[PDB]
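Enquirer: This is what each chain is made of:
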Amino acid sequence: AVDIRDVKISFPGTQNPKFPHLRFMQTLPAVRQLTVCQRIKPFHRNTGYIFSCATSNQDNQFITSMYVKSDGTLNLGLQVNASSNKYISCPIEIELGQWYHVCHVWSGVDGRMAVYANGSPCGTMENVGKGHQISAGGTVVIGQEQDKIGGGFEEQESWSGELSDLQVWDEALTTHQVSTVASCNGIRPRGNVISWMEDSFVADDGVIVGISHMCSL
Amino acid sequence: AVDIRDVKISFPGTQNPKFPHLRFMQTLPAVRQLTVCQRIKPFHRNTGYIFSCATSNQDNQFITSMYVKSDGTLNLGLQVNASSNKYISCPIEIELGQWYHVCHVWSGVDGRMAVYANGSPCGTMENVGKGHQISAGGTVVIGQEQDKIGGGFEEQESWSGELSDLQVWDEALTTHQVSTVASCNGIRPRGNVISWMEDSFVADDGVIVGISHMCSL
Amino acid sequence: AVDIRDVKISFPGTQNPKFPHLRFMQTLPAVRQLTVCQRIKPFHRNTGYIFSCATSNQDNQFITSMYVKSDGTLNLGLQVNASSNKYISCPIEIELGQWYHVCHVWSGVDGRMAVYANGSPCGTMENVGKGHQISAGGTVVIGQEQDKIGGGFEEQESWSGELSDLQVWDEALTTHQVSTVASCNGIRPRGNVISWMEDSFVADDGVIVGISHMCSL
Amino acid sequence: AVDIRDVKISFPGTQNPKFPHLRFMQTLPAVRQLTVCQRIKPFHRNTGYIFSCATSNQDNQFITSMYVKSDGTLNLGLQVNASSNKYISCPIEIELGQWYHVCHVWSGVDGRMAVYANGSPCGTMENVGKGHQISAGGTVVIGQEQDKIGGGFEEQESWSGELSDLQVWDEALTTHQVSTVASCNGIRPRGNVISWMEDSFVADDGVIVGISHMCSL
Amino acid sequence: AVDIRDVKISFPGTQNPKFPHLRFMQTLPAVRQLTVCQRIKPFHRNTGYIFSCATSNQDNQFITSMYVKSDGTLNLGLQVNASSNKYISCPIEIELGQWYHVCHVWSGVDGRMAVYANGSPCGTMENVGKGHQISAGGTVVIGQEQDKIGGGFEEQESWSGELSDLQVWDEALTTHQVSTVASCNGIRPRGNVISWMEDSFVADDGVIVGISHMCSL
Amino acid sequence: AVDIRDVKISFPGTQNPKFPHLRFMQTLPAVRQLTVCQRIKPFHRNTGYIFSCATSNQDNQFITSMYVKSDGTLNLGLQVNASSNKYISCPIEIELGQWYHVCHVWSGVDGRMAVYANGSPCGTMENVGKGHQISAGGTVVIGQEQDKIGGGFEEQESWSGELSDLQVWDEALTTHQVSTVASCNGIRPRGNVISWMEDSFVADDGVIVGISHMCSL
Amino acid sequence: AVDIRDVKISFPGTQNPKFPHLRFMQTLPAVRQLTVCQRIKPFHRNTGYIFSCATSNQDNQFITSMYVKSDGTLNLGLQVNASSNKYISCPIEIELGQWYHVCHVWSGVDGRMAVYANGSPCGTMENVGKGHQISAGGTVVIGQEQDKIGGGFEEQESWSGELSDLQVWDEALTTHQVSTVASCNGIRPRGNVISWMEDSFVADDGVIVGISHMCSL
Amino acid sequence: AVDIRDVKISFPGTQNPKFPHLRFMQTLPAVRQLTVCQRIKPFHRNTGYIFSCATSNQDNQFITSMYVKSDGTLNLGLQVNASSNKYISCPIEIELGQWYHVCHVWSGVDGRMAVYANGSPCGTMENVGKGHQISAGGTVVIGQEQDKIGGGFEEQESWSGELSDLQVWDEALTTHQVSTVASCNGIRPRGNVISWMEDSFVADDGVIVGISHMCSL
Amino acid sequence: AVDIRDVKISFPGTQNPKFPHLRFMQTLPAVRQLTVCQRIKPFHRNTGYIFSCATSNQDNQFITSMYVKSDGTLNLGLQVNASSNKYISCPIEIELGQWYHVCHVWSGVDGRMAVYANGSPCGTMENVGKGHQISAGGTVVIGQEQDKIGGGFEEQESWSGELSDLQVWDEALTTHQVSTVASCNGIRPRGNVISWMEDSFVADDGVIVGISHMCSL
Ligand SMILES: [Ca+2]
Ligand SMILES: [Ca+2]
Ligand SMILES: [Ca+2]
Ligand SMILES: [Ca+2]
Ligand SMILES: [Ca+2]
Ligand SMILES: [Ca+2]
Ligand SMILES: [Ca+2]
Ligand SMILES: [Ca+2]
Ligand SMILES: [Ca+2]
Ligand SMILES: [Ca+2]
Ligand SMILES: [Ca+2]
Ligand SMILES: [Ca+2]
Ligand SMILES: [Ca+2]
Ligand SMILES: [Ca+2]
Ligand SMILES: [Ca+2]
Ligand SMILES: [Ca+2]
Ligand SMILES: [Ca+2]
Ligand SMILES: [Ca+2]
Ligand SMILES: [Ca+2]
Ligand SMILES: [Ca+2]
Ligand SMILES: [Ca+2]
Ligand SMILES: [Ca+2]
Ligand SMILES: [Ca+2]
Ligand SMILES: [Ca+2]
Ligand SMILES: [Ca+2]
Ligand SMILES: [Ca+2]
Ligand SMILES: [Ca+2]
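Chains as they are written, first to last, in the authors' numbering: chain A, 1 to 217; chain B, 1 to 217; chain C, 1 to 217; chain D, 1 to 217; chain E, 1 to 217; chain F, 1 to 217; chain G, 1 to 217; chain H, 1 to 217; chain I, 1 to 217.
Excised from the complex, chain A in its bound form:
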């Protein structure tokens, strides 16, 4: 039938005190590199945090985000160890309500940041979490930005849209590897740290469970 990876979650919209989000049951192990990929259907052009990882000592261990410029250009952001959000624009025009595959590749070892839109590299950036190692026990939240383990959400920092096929590796994937990940008919690799629908997560505040039609109709 439908592949379990085609399951999607809808993040309707946020307005205090309702904060639709997902919280992964099991925290992350300590890591020195991290690659987060997923298919997203953005609802707004304004900045929103998609993947948020926090520990008791640091609520901003690792946070991915995006926003669309006026011309429609996609902009992927990343923040490590509470640094400022680093952005890299992608040569692709975003149409709210449409599907796109996005990856954020980070390496604390050399401090390099690289983002991808639909399997292609948009560019890279230096000095992003250089020498930093995310402490063991990070809690992951999707759709909201944590200011506290599993909470302290701000509505202007939430992300609304549809999401599916979230795959996370504790390695910094290569340009060729990422392309095989974004591919709809490839082998469809699975993250070793988090594999969509293979790692239980908590659903709260009205997120909608449905089916993504990006890859298959």
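Keep in mind that the hints were calculated from the coordinates and are not lab data.
Backbone N, C-alpha and C define an ideal beta-carbon position, used for all residues, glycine too.
The reader is advised that the hints may include incorrect statements.
Unchecked claim - Computed spacing ranges between beta-carbons, pair by pair: (1) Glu95(H) / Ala30(I): 48 to 56 angstroms; (2) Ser183(D) / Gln58(F): 36 to 44 angstroms; (3) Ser183(G) / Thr124(F): 36 to 44 angstroms; (4) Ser135(C) / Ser83(G): 50 to 58 angstroms; (5) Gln15(F) / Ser83(G): 22 to 30 angstroms; (6) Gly123(B) / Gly123(C): 29 to 37 angstroms; (7) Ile92(D) / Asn57(F): 45 to 53 angstroms; (8) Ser70(F) / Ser216(E): 44 to 52 angstroms; (9) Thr124(F) / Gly13(D): 24 to 32 angstroms; (10) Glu155(E) / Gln15(F): 22 to 30 angstroms.
With the hints as your guide, set chains B, C, D, E, F, G, H and I with the ligands onto chain A.
Expert: Below, chains B, C, D, E, F, G, H and I with the ligands alone, put in the same frame as chain A:
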């Protein structure tokens, strides 16, 4: 990989004001018969409502429930058009925390009620919604008993446990058909009104999305 | 996918001036024998006319009907050239809201009538339209009894329930042939005069187009 | 045999008080995007509404329509949240009585409207239901324009012709996806919200059930 | 599709001056033996001539006929060189309007007559055309008894019913051979003198061309 | 063996009171479009009516005809609702006694007429039965022109020759579809309203039943 | 083994009162067209009649013949309804004692005559039996010219040589069809009126039965 | 080659300050049930803790252990929420230095404990962690008993021997499931919480990485 | 599943008294040539010793190392019989945290040293251990540089990063052989002296056992 039908939802436990539940996005069409089957892992012996269907004029259109006696005997209940809960005991000893397949078959045409535990018939009952037709637009909630469309939940009426493979037909399946439905390796039929993971639903109050290991390890 | 023969029509219920029914676009050719088979899910125990054939000179050319006794016994009736309804009971207990296959075999040549329930013979009767030939141009209506071409319906003569797989031959099928017709996984023969979903018909007064789950779930 | 998707409905013609139409049994879930495709054989050049969706608070939630210019040019229209009918002409000459595949793609997220004729894009339009979300519970009627849930039809707004293969998604399909939908021998995708012959509907006022010969003879 | 051998002809009924019949275009060669087999659906119990062969010098060269007794017993008759009709009864009860396979085997060499009903021998008779040889040029008529080449029909001698699979050999087939001929799924042998639908014939006076459902539904 | 579609009928010649023809047992349903195709072997150059459809109110509902000019050019004619015979010449030289495939495509919806000779389009014509709908119950006669249901034939309007593979659709086939119909080795499509040898017809006045050798020797 | 179609007959030579010939047991049905093909090995250059057809009223219904010019050119002749022998020469040099395939195609409908040598057309001729129809009951003789049914032979009109594969159709085959007939390894079509070795014939006056080595050695 | 599941770890022996052990990188999610299976080669008969799970608030969340009686009987122990070690003896004689498959199945829901030796059930016990839920974030250590997260080891509580194929589920496997797990050539199921060699772990104090020869030589 | 060769070890980082390393259980046999290949993910640019071999009489029998220049150039070093570290730079830019395949080929017979990066030769060097033979009994340590059998580690000489697929031969592989070794999808050759995961080794001081994603995702 894993079949999308093996996805399960955990209903942690209920305590005002937190009521873990699922609400199906699309309401049901009018029906004269209804068959609801699913795999459940009960957490408590006390009565709990699993499948709740309500319309503006009647919050108790159709409600399934269960409870376990002291000797461990399973008891499946059904309520139609706000009748009293009708119960039929099953010749099977329930162990909280273990998986079981259960079906509730109702026919407003002749007013017959029949329940099944693991593909086998437990017994039938007469005069249950005889002549009744559920009005179009019923809202379905899983894990809580509605006293209002999508709400008005009571904690002593909630149902805690794990659930998966929810299949619903607007027909009254036969004894042979039900057996093919409960089978783990059969053809695994899909409900025509609601097919698990094929009909979007809203998740709220901390339900946990995971994977059922009843059929496959 | 689903076989087009599994399409079903629901006849909700009749109450002046609403008469749910089907009227076949093309009239029947003259015949001397006729076999009408179909799958039915009866809603009431009282007499109802299923297949009605009328010509300008005779509104009661050929009419099939059924009713269920108090003990649940099925009774199939037939009327030819405005004779009285001839009935033959079947050794099967009917449960309103459940599916059954039924055939009416008539031969004006020898005047014999034979009915079948689920591919098996219930019995036969003599002197039913003996020597009669249905005149060319008969109009066929399903669910209502014509007192006029395509009309003049009476509520107490209507038939409510679900129907599918209507097959009609201008020959008097044999006992062995009938059994192959009723079979769900056989060759599934098609009528040469009327073949379900292959001969267009008019739908009126709220009949519901759906899918029969008798043969396949 | 014939694929169940080749079943067609004929909308004979409308004249008070007879309004041939179809009403889907189950209402639609709330949506933010919607794609409606189907094969049509138009009988008149004048404007007619094909797909009509209404809720208690808004009878004009979503309505598709078409008309043919004097030179024969096809014009597909769309109306969202009671806006004015937006039209986009297609570079194709229509011959009444012939088959054509048509899709209407709408996205309330960015407010974009796009129409397709025979799998090809005719053009797009902005500001059509921008920011609008169709409320849960929409009733769908085919062939007539609702001014009230399931009724309030106007003859000059009806649509006569033959229709089949109605597929509806709660997503805004892409240009490439649409082409795979229109194709007669492709995979023939099925809508996730409404799939022709898989979602029961009520037939009234003389619609004719037949077989479409567009794809296969 | 349907095998051309399943084509059937209906002989409605005879009443001066209308005599439904078939006349084979090509006359028969001289013969000393002849076997005529066919599937028939008799309409009346009274005597009727099925196969009639006549030459200018003898209108009664070879004529087959049948009639049913009161008890329903079949009786096959044969007449050679204007002898009296010889009859042989068959241990089978005939039901007018039903199909049966019948063969008439004649040998002028030894003067033996043998008839078969459904591939089985009913009995034989001596001194029937012993030493007789049908002269070349016999005209064959089906359904009527010739008193003149291709004419001079008498209504009380006509045969009404349905007929198909007419096979004629200029040899006297064996008991085993006949059984293979009557078989519906055997090899279905074809006559060497006349092969149904392979030897053109003239149709007159309202015979009806249709399809036999004896062998296949 | 030989395909049942290769059966042919010979229309010897007409001379009062003998009018060789065929009359289809079952009348046609009401239609708004009609396509009639068949293989013909014309015997004369003068006008002859091939397909004649009549109702009690109109004996000239639909009539096809042909004639050959002096230069041998084929001319196909059509008449709807007693209009004048519309003719379209075909760029092909006819040799009496030879086989040709011919189709007449009519659409009352737009009033267009199109004819084909051997799968190719000869041309089209406007305003032919524009807005007309053939009333239900049309009687079809082949070889003669009805001035009364099933009768009132005129010899100078009869058509002599050989005919086979008569296929009739209640739709107006496309140019590509027609080509697949005329093809001898294609899929050989079958008409949905009338399928040669699949819809019984009455044979009268000496028509000859034989086998067409157009497609196969 | 050897195909029965390779059987050949030798016509030694004629001299009163010995006339080697073949007479077909069964006479021909009435025809309006006729195609006669066969493989011949001519022994003399002088005119000889190969295929002779006669009825009581006309001994020269249809007669084929040939002769070879001094330069060796083949000349095929035909005579219908006692017309004069029409000849068409073939661009091929004949060597007495060698094999050749020959066809005579005649159409009384348009009066056209066409001959073929080795599957290729030699030419055609008009006004040959135009409007003529061979009466039913023609007797066929091979090797001699009848002046009376089955007799009245003249030596100077006989034809000596070897012959095989005689195929006769009551249709006027096309140029392409003829070529498939002459081919030794094609499908080897069989005549529908007379098929070599499938239609019994009388052998008299010393004809020799052997095997043709034209097609296979 | 060798299956990655056949990798084994040797726990040499413990003596302050050297404590050979394994610490899983990623902590466990909250659980209500837990099944831990693995292949072990015990070195001593005295009590040793194999699987130790601790959280900041409770160092004895879940601990498995074993010891061998003097007669050689195996004894499997379990401790939940700092209860006393519960033991169940197995009807199998242990030989130090040999391989055995062992599973510990615990369910906090009903408080039942069950142990298995080589895929077979040894017995069960009640009231073991009844109503207890292990808090999220448990740290897992193999070979040593934690008195503090990842430390506070005691020599007399260590476990020496060889271990491999550690599989852990957050469900309470059934008797039949367990047997499929212990099987060497079965499907070899993998734990969903911890899968040997698929979930990184820290190795310290001289553990030896080698290859298990229990299943394959 | 995953190939056992994809197992990797992480060397976290070194700081007295913690020295993460691996010590192979079985010492090496005497050798005159040695080839050491493995996949490495370096964490620092500064010099680190990867493979260290020592005997009681010589702690620096054979030691491999690497460092990265400021421009990112890779530099592979080798030391034999306590010579000075010989370095050869590779035309490849190293990115800390990324995977690379590296081989060190040494031959005491001719004293030649050759290094490879990703299966390609970087260059060679002479006079490196020329005439030297490593004495039997060498102890191998990975990640630390021995100054004593299995110990005497210095932090500034340690190597941090991830490593897998360690293969060692007592022969000096050729350029072509090396390339087949580095290949991810080749035959993946195994060392004859040490084969990753096939020769047991001791793990100490927090090395992490995980899975390499260089070759497969
Ligand atoms: Ca924060
Ligand atoms: Ca924040
Ligand atoms: Ca903030
Ligand atoms: Ca309630
Ligand atoms: Ca309540
Ligand atoms: Ca209550
Ligand atoms: Ca009536
Ligand atoms: Ca009535
Ligand atoms: Ca009445
Ligand atoms: Ca409206
Ligand atoms: Ca309106
Ligand atoms: Ca209006
Ligand atoms: Ca007679
Ligand atoms: Ca007579
Ligand atoms: Ca008589
Ligand atoms: Ca007329
Ligand atoms: Ca006329
Ligand atoms: Ca006239
Ligand atoms: Ca003559
Ligand atoms: Ca002569
Ligand atoms: Ca002469
Ligand atoms: Ca402890
Ligand atoms: Ca302790
Ligand atoms: Ca202790
Ligand atoms: Ca050293
Ligand atoms: Ca050192
Ligand atoms: Ca040093």
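Enquirer: Each of the hints needs a verdict: does it hold here or not?
Expert: Hint check:
1. For the pair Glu95(H) and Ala30(I), the beta carbons lie near 39 angstroms from each other, so the given range of 48 to 56 angstroms is not met.
2. Distance hint check for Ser183(D) and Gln58(F): the Cβ-Cβ separation is about 42 angstroms, which falls inside the suggested range of 36 to 44 angstroms.
3. Under the hint 36 to 44 angstroms, the C-beta atoms of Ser183(G) and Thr124(F), about 41 angstroms apart, fit the expected range.
4. For the pair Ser135(C) and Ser83(G), the beta carbons lie near 54 angstroms from each other, so the given range of 50 to 58 angstroms is met.
5. Take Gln15(F) and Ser83(G): their Cβ atoms lie about 26 angstroms apart, and the range 22 to 30 angstroms holds.
6. Range check, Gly123(B) to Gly123(C): about 34 angstroms between beta-carbon atoms, so the 29 to 37 angstroms window is met.
7. In this structure the supplied range 45 to 53 angstroms is violated for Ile92(D) paired with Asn57(F), their Cβ-Cβ distance being about 38 angstroms.
8. Checked against the given bound of 44 to 52 angstroms, the beta carbons of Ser70(F) and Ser216(E), roughly 50 angstroms apart, stay inside it.
9. At about 25 angstroms, the CB distance of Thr124(F) to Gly13(D) agrees with the hint of 24 to 32 angstroms.
10. Against the hinted window of 22 to 30 angstroms, the Cβ-Cβ separation of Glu155(E) and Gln15(F) comes to about 27 angstroms, which satisfies the hint.
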